[PDB]
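All chains should be built: construct the whole structure from the sequences, respecting the hints.
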Amino acid sequence: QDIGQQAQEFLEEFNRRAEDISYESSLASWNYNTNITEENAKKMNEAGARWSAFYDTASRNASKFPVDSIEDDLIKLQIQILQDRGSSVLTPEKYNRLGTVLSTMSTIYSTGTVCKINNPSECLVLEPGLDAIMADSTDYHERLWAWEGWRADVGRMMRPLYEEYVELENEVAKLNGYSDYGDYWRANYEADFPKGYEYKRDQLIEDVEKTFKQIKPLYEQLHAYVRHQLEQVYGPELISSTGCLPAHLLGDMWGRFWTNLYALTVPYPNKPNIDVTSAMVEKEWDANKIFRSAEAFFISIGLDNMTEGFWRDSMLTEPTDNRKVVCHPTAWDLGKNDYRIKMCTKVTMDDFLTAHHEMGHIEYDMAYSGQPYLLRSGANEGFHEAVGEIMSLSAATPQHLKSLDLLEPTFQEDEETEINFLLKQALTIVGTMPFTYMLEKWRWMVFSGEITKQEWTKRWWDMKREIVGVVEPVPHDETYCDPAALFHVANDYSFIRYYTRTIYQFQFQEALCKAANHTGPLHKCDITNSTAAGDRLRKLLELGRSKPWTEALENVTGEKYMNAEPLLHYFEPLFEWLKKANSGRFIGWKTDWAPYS
Amino acid sequence: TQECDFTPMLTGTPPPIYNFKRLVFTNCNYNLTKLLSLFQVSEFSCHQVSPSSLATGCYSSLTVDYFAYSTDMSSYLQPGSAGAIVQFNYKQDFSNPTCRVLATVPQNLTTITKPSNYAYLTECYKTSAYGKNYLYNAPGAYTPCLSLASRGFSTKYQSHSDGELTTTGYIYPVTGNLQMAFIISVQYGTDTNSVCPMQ
Ligand SMILES: *[C@@H]1O[C@H](CO)[C@@H](O[C@@H]2O[C@H](CO)[C@@H](O)[C@H](O)[C@H]2NC(C)=O)[C@H](O)[C@H]1NC(C)=O
Ligand SMILES: *[C@@H]1O[C@H](CO)[C@@H](O[C@@H]2O[C@H](CO)[C@@H](O)[C@H](O)[C@H]2NC(C)=O)[C@H](O)[C@H]1NC(C)=O
Ligand SMILES: *[C@@H]1O[C@H](CO)[C@@H](O[C@@H]2O[C@H](CO)[C@@H](O)[C@H](O)[C@H]2NC(C)=O)[C@H](O)[C@H]1NC(C)=O
Ligand SMILES: *[C@@H]1O[C@H](CO)[C@@H](O[C@@H]2O[C@H](CO)[C@@H](O)[C@H](O)[C@H]2NC(C)=O)[C@H](O)[C@H]1NC(C)=O
Ligand SMILES: *[C@@H]1O[C@H](CO)[C@@H](O[C@@H]2O[C@H](CO)[C@@H](O)[C@H](O)[C@H]2NC(C)=O)[C@H](O)[C@H]1NC(C)=O
Ligand SMILES: *[C@@H]1O[C@H](CO)[C@@H](O)[C@H](O)[C@H]1NC(C)=O
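Protein sequences appear in the order of chains B and A.
For the entry's author numbering, count along the first sequence from 1 and bump the result up by 17.
For the entry's author numbering, count along the second sequence from 1 and bump the result up by 387.
Everything labelled a hint here was simulated from the structure, so no lab data went into it.
Treat each hint with caution, since some may be false.
[Said to hold, decoys possible] Computed cross-link-like contacts, SDA-like style, restricted to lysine to any residue with a CA-CA straight-line distance of at most 20 Å:
1. A:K513 - B:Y195
2. B:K556 - A:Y521
3. A:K519 - B:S386
[Said to hold, decoys possible] Label pairs and their calculated CB-CB ranges:
4. B:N290 - A:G467: 32 to 42 Å
5. A:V561 - B:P538: 50 to 60 Å
6. B:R340 - A:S429: 29 to 39 Å
7. B:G146 - A:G467: 52 to 62 Å
8. B:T74 - A:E551: 19 to 29 Å
9. A:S461 - B:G116: 49 to 59 Å
10. B:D367 - A:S461: 46 to 56 Å
11. A:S461 - B:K363: 41 to 51 Å
12. A:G467 - B:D367: 31 to 41 Å
13. A:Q435 - B:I98: 34 to 44 Å
14. A:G467 - B:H345: 35 to 45 Å
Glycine included, every Cβ here is placed at the ideal spot set by N, Cα and C.
So this is what it looks like as structure tokens:
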């Protein structure tokens, strides 16, 4: 019956019936996340357990048409998404074993305490107990106690549980046609569509390693200035001048973001940053003028207005009833034309540069709403947060803030306070690029069998001195599981979608600040009142997953691959300032000195 | 000649915006100051005609549409605001002299009864395997999903599929007094002008 036509019939019936079931299963979650109770907790589960049965029936139906006969494009791009079964390919008892392991690891990570040697009755949880010791303190031994305690308490319990999860998820991803569980995660970046826009799974491994060698003459200048500023605080006997940084002195439990080192490594500590929170609270900005002035931005660059029910259905402030909401900003797309934002807004310049983020999410969600059901997302996993973060880059410049009278009109842009801003940006952006590359490389190598079971703790600290440039303060052996002390490793989350979206939101901004006729440095660009840079952003937002990400990137930028040259064009004055400041210092490190010896 | 009485505008329940009722009058003596004295007029935005010289001209046809419409969403009926109103419910004709009134119906008007909710439509499309095919409105015409939406909406975003087409409603309750909307449009005659005012 001309198998493409049977696939067209099946996809038409699925698109008809899959809209009333996916709206109930999202309204039952909106009615829980803003009104946390027990009856809502029951309704959310009993309405989200019909959608999973319907979707699994759809997947078992769709695993009947062989995709080497369907000669269309959007009727072959949907059968291949519906044939991606997932964990439900296992035997009916190994699935319960996998659920047991994957829930036990999450509970072990969640209920994690460290009890001190002075008073053993006094114990501290991670949030909010240990992430004030490991974010405020400048004491060596206290930070070493917290770091070694968290590692020795949540690594020895998660080492024998991370060795069954590897064996089961190398079977889940082996009964689906992939080679290991690294390929099952890397196959979000695949494309075998029309011509010249083909991307293999195994090109991502070399594209990431090709982009990192461009961001590593700048990280070696950052990790020769941060090291000097730490030497000026802790002392020359604890921190060397040609070795790596010890791991616990990074302003974080895992050393992911270096943002808490800004109190120590600030270039000019007499010139303060711009803060309009006093000017917002002394001009009577409520929690609704923020969202109505973050909409005159999108209507000025050329995008859409919000809907009519968005203003009466959303939760734009924390309620004063007996509702106990969870205060964490999310932007919902519930289904049949309603878009809602949940956020507990207060008057600061941190809920002002989050209204633009959460509105850039639903301005993406409002644009691909003609695409069927499965083709409604970003082109890969890093596209949906790269367009939410090119709005916060232009909603914070000292010209967009000066056009709203949140700044004094006789401003002077204060030459030192652009290096004081670029360093605060760099400690967050370039500080995490070796970490999200090294952790994902270690995971891809232990999933495919390139790192055997007897050398996980050895190869982790062998790679953390060659990539990140961070040494360990305590000798570790093969009973620890130091990677599993992170949230995204214990809760089974992919982690390259934070590396391949710090690269996309400078390829986006270098194109949108070329279309808006901007002559100057890139870190003070402004897509405001510019419809030419909103008519080519709308060519990207319109697609969904109907086009592969290479073509959707060529339509905006002009080059269908990743590139780190716009990141180095953003951090261009900081690099020239750092090369003057690091005059006569050893750029780089030698991986042989250790603080324990 | 005779009276074009506005009795169907002043009785029953005014319908929602998609199912708007039309009251084209001809060959009578009219008095719009009789009509607009009964309401609390909140807007008189006109196009290619003036509100002072509308009430006494001689024309050939006189078209009045009316529906129940809250006056807080008065920025969605304006031209050049491509929302969910002018795309699916009602798109005003502009190639003719027209006006637009938004009233605030008083409680001393006892003959007009009150509905339970305001309502409009958020989408009206035609499903397939390649996605949604939207059916936008034509200027001055009803929506193509009219026979589908005439079953009643009970909750927000309740849809109604029938074969090809698929419409979707949205309701919200009425607070205070009732508010309507009158889209009055005329046409200048060429041979006989029978729509001349009451003097
Ligand atoms: C939060 O959820 C609770 C569920 O326990 C809601 O309580 C019920 O709400 C429905 C909604 O119409 C009422 O019909 C029931 O009579 C309520 N039952 C009880 C025991 O309260 C509660 O209303 C919700 N809160 C909000 C603000 O929506
Ligand atoms: C999966 O395919 C089966 C057919 O093998 C579908 O089952 C039919 O569903 C229709 C619904 O209108 C019934 O009228 C038929 O009697 C069913 N036939 C059988 C043999 O069960 C099923 O609906 C499909 N499911 C999805 C999600 O597409
Ligand atoms: C975007 O455009 C608007 C309108 O052209 C600018 O707002 C005007 O700015 C001038 C500056 O001299 C004021 O005199 C006007 O009163 C403003 N009008 C309004 C309606 O606000 C706005 O400054 C532009 N934004 C940027 C960043 O250039
Ligand atoms: C048209 O309807 C009005 C409704 O009030 C009639 O009443 C006159 O309205 C004007 C409005 O400014 C007043 O100045 C007059 O005092 C009103 N007159 C009376 C007797 O109430 C008006 O008479 C009607 N027009 C005709 C020609 O009958
Ligand atoms: C988005 O909403 C704004 C509401 O402020 C719309 O702006 C109005 O546009 C009309 C068009 O002629 C003007 O007559 C109004 O004066 C504008 N309002 C204000 C307060 O100035 C805007 O048109 C809407 N945009 C879209 C695409 O719907
Ligand atoms: C209706 O009119 C009478 C007399 O003019 C007045 O007393 C009464 O208050 C009016 N009703 C309302 C609701 O204002």
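Right, here's what the structure says about each hint:
Under the criterion of a C-alpha separation no larger than 20 Å, the hint pairing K513 of chain A with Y195 of chain B is inconsistent with the structure, at around 38 Å. Proximity of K556 of chain B to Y521 of chain A is assessed by CA-CA distance (about 19 Å); at most 20 Å being required, the pair is judged to hold. For the hint pairing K519 of chain A with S386 of chain B, the CA-to-CA distance comes to about 8 Å; that is within 20 Å, so the pair holds. At roughly 40 Å, the beta carbons of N290 of chain B and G467 of chain A sit within the given window of 32 to 42 Å.
Judged by the Cβ atoms, the range 50 to 60 Å given for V561 of chain A and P538 of chain B holds: they are separated by roughly 55 Å. For the pair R340 of chain B and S429 of chain A, the supplied restraint of 29 to 39 Å holds, since their beta-carbon distance comes to about 35 Å. Taken as a hint, the range 52 to 62 Å holds for the pair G146 of chain B and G467 of chain A, whose Cβ atoms sit roughly 56 Å apart. The given range of 19 to 29 Å is respected by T74 of chain B and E551 of chain A, whose C-beta atoms sit roughly 25 Å from each other.
Here the CB-CB span from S461 of chain A to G116 of chain B is close to 54 Å, well matched to the stated 49 to 59 Å. Hint check: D367 of chain B to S461 of chain A, Cβ distance near 34 Å, so the stated range 46 to 56 Å is violated. For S461 of chain A and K363 of chain B, the Cβ-Cβ distance of about 31 Å falls outside the hinted range of 41 to 51 Å, so the restraint is violated. For the hinted restraint 31 to 41 Å between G467 of chain A and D367 of chain B, the CB-CB distance of approximately 35 Å keeps it satisfied.
Taken as a hint, the range 34 to 44 Å is violated for the pair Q435 of chain A and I98 of chain B, whose Cβ atoms sit roughly 53 Å apart. Taken as a hint, the range 35 to 45 Å holds for the pair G467 of chain A and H345 of chain B, whose Cβ atoms sit roughly 37 Å apart.
In this structure, the hints that do not hold are numbers 1, 10, 11 and 13, in rising order.
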